[PDB]
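We begin with a single chain expressed as structure tokens, specifically the form deposited without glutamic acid (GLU).
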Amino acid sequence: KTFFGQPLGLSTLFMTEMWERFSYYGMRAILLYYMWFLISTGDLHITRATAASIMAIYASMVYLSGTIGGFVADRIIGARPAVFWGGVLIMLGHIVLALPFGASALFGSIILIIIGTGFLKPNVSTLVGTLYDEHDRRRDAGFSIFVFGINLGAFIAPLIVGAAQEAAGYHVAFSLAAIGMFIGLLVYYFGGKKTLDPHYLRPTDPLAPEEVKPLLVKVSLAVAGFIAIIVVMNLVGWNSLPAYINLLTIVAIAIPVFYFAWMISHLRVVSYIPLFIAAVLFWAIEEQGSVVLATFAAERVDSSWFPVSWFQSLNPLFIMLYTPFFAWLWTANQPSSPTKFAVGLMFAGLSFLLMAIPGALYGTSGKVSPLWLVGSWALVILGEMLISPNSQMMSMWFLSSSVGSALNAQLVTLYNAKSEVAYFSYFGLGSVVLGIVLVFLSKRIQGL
């Protein structure tokens, strides 16, 4: 007896991530619209450009938090307590939004989910590898199955949560996200005690006695310096919300910038720079689906007969549809890796180029077919299949996605009804050209 040929413990972790992704993307599907609503009632005193910027920097901090969660679990608390307490924080963050509060609850909700996702997301994937020995060949199949559960939750969540918001309002809809995470906790807690190795209730590489102090010193210097920067900012008058967002943008971009300049000072690392740039730029476009495309859907689409948040379901839908195809394709000369990044960046560019057409053809004061966004997501997910689809590279994928959203925090403020065609054309064409450049550089990168 198995779970699709895999250890029974996989079903638990399958369902665990399935409901966490449910809570996350269900929230992402309506959070921007919710901020619009808080703005329209005068409760929240920001612009839509700022609200869009918040969404992007929100995502950036979540991925950045994922780079640290692996460390905390492996060295301090253990992977299983990390997943559990990570989930509790995630749940609380959604409960905060379900409460009878307004804009005041936003920062509290955001902080909880960032810390929570940081603990849970990288360690659930870790616990998946736990299910297998070193020798096991089923590993790639199990992770593929595990990925499928991730996409399932991301698919049904905007459908359920989005419809709930339409029927019973925002507070009820956010509570469904909280309930979704709660279900994941029940299955994880009681299912884990049956199938998970008790060895991972504790850290696998616990701090040696002499390691405690320097780690404590290192963290303290980071917090103090960060606190110091904020102090100076408020002194010189850079203390509006766009200022703090720019600070986090700088921090998010500085982290890979420093690590590169660190390692650079044989030099094949230099050859990874274009790949990392290509990764950042792709994630920038892909992550704008929940921000820019979510805005386009709500303002420019004939979606009068269905919840407009449902458009967020297209991303994991096309992933699930494309996956068995590419699974077959990579088994049936297979193109190199820098080539995949170059072509993947092109498809992302075409997705934005396509969106420039309806505005250029019909104008931007009317409403267009929902099929335009359908074709756009189909293009960028096609590009995803080439670039994105575990170990130590998990950090770089967390980093690349984090930097992209940080870049988005700046870029999405430029998007509006007046700048629609220009926004989609330039960045659309811009990504295609850099995809062409990467093709020219593709041969050198191979062999390094």
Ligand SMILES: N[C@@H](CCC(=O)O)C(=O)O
Contents of the next structure:
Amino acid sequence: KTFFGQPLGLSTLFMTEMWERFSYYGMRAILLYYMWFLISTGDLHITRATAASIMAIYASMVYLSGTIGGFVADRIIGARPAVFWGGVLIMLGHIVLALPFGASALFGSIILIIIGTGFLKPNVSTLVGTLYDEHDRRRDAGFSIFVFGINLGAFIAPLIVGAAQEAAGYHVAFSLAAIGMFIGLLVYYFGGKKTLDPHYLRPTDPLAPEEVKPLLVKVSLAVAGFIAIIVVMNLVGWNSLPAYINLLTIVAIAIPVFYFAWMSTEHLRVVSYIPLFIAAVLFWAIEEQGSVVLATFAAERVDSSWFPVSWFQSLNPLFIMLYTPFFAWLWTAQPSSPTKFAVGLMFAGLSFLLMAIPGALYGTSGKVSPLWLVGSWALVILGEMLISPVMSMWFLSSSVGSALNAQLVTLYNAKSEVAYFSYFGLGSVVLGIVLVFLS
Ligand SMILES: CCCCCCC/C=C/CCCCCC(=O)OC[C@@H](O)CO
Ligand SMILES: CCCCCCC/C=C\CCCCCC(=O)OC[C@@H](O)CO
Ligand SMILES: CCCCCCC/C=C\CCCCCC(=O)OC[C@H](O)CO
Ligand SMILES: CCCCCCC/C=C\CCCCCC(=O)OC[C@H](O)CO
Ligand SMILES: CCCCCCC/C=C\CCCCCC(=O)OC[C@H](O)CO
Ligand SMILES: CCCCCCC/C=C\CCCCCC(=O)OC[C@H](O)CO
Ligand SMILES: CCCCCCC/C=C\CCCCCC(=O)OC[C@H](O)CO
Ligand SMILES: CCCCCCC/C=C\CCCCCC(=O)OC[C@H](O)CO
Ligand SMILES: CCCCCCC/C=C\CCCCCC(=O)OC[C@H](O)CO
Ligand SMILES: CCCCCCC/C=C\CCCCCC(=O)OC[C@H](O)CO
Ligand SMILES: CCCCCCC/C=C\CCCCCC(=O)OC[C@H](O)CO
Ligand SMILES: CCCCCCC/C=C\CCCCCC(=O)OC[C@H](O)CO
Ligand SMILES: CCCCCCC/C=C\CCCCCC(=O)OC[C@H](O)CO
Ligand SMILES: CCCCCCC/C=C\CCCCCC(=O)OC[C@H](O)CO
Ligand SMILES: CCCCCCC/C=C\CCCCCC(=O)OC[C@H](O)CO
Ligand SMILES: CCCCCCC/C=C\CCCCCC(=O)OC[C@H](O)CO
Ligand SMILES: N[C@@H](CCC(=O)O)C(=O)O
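I've shown you the form deposited without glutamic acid (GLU). Could you give me the structure of the form deposited with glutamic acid (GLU) bound?
Below: every chain and molecule of the assembly, starting with the one above.
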């Protein structure tokens, strides 16, 4: 008796992550429309472009947070408490949006979910590893299943939450996201006590006595530096919301740039990763624009009067679930991995070049078939299979992509739509071609 051949403990972690991803993408699917709503009613004083930018940098900080969450668990609080308290924070994040408040609750929600997801996401992935001995052949399949649960949650969430929002309003809808996380916590807490190794209740690599001060000094100088930059920003008058978004943008992008510089055999192999890293960043940029630019296109440019427009956010994980089996049968039934990055990026590029067509053909003032978006996601997710299944800089790439997005999505609107999709679509394809030369 197993969970699809794997230890039953995988079900617990499967469920845990499925329900967190549910809460997250349920929130993601309507948060942009929520901010629109708050703007339309005069509660939130930003442009829609800024709103879009907020979505992107939000994602960016979530993934950035995920890059330290593993450290915090491994060295300070343990993987299992990280996941639990991570989940608690996420739930609080959604509860904050379920409360009868408006724009004033957004920052609080975002911070709670940023911190919480940073604690939970990397560490739930870690606990999946813990189900297996070093020599266990099932490890790849186990993770493959675990990834299925991520998208299962990501898939039904826009459906359920979007429907709820339409039916009962945003606050109720966001409360459902809170409930989603609560369900995950329940299964995680009680299921975890039955399946998970007690060793992970504590850090497996606790800070040695002499490691504490140096860590403390490093964090302190960073926070002080960040605070100092903000002080200077405010004295010089660079204190608009977009200004803060730019600071966050710069921080998120400077982080890999500093590792670039930081680091002849091993050299030319670190240098060799840079085009790959750029490729991943650009891919995730495009992929992460699904919930922002494509979310916007869905709401403004699509014949969608008969269903909640947030449901388009289900197309992304739907296609992942559809493609993953095929690519199992395919990688065994061969392109080099850098080549896989190029083509993955090429397909992302094509997913945007496609989107240029309805506007170029039909104009951008009318509405087009939903199939355009369906095809768009079909292409980018095809790209995801090529790059995703194939260390810090890697999970950092998605944060950098979203940071880049915080800048780029503010350029998207009906007037720029065709050029936007065309140029960044063509750019990605070309850089895919560039990678081919370098492959
Ligand atoms: C396996 C991945 C390959 C799939 C990618 C190809 C997807 C291309 C889709 C283009 C079709 C969208 C337009 C068709 C349509 O319904 O037009 C009718 C009209 O109402 C459009 O405004
Ligand atoms: C204002 C919002 C309050 C949020 C409270 C949500 C509760 C947090 C997690 C629920 C997961 C189940 C936890 C079960 C549990 O801790 O058992 C209680 C006790 O046996 C443990 O010492
Ligand atoms: C690993 C930590 C990542 C850094 C955490 C800082 C990120 C904090 C907020 C993310 C950006 C959110 C800006 C949008 C926002 O807060 O909305 C506030 C309302 O619009 C107020 O006008
Ligand atoms: C006010 C936020 C409180 C929540 C804790 C967030 C974590 C804040 C400080 C933890 C110190 C993290 C420094 C270590 C680190 O990030 O290194 C990452 C390495 O790349 C992992 O190998
Ligand atoms: C801020 C309101 C929320 C308060 C949280 C409820 C606190 C109640 C009990 C604390 C539970 C601590 C257990 C955390 C943990 O390590 O989970 C691991 C489980 O044993 C399964 O992995
Ligand atoms: C050691 C890290 C754990 C601490 C997590 C930091 C939490 C930071 C901010 C959470 C506060 C969110 C509440 C804000 C809020 O409720 O909206 C404001 C009022 O309701 C306005 O009507
Ligand atoms: C103990 C933590 C688990 C809590 C999970 C979330 C459940 C909490 C509240 C559910 C209902 C939230 C209020 C819904 C709401 O007020 O929407 C109505 C709007 O105000 C419009 O009438
Ligand atoms: C209200 C701000 C609270 C923010 C707290 C941020 C803490 C950031 C990093 C924690 C580093 C210090 C950890 C101390 C610790 O427990 O390690 C002890 C050693 O492992 C001893 O075995
Ligand atoms: C956002 C972080 C703001 C900067 C301040 C971070 C300080 C947070 C925690 C540092 C506490 C000092 C670490 C030493 C410590 O408490 O460990 C206790 C020992 O592990 C007990 O044996
Ligand atoms: C981590 C270092 C942060 C960056 C330090 C750069 C310092 C450069 C100028 C600081 C000037 C602070 C007062 C300026 C001020 O009050 O207003 C200036 C005028 O509004 C425009 O120049
Ligand atoms: C995770 C703890 C590390 C500390 C980072 C916390 C976030 C710090 C700065 C981001 C603030 C984002 C802007 C929030 C805001 O509403 O300011 C907008 C002003 O109203 C400008 O008019
Ligand atoms: C030792 C490095 C010190 C400087 C670090 C670089 C980061 C400095 C500022 C972050 C970006 C601020 C740009 C402000 C901005 O975007 O425009 C201002 C607003 O749009 C107008 O209110
Ligand atoms: C395997 C499926 C691949 C589907 C993607 C193929 C897309 C190829 C070319 C699309 C280029 C559309 C740009 C049209 C354009 O820019 O016209 C400008 C008009 O004046 C509208 O501003
Ligand atoms: C199993 C793969 C089957 C092949 C799918 C690859 C799709 C290749 C090219 C699709 C061309 C994209 C342009 C769509 C298009 O131009 O149609 C316009 C609308 O039909 C207007 O009526
Ligand atoms: C089965 C996918 C799960 C649900 C995801 C929601 C995706 C939203 C729409 C996808 C299907 C669109 C309807 C198909 C179609 O032919 O378009 C009808 C339009 O009214 C034509 O203008
Ligand atoms: C193994 C993956 C399964 C394949 C899924 C790929 C499907 C991706 C996009 C489907 C949209 C293709 C357009 C359909 C179409 O041409 O219909 C147009 C109508 O006849 C309107 O004239
Ligand atoms: N779509 C995947 C990965 C997203 C990313 O890393 O940017 C998830 O939500 O788990």
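Residue numbers count along the first chain shown, from 1. Shifts are known only where both forms have a C-alpha. For the two forms, the rigid core is made up of the largest set of C-alpha atoms that agree within 1.5 Å on superposition.
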Can you give me the runs of at least three consecutive residues whose Cα atoms all move 2 Å or more between these two forms, with the core used for the fit? 394-397
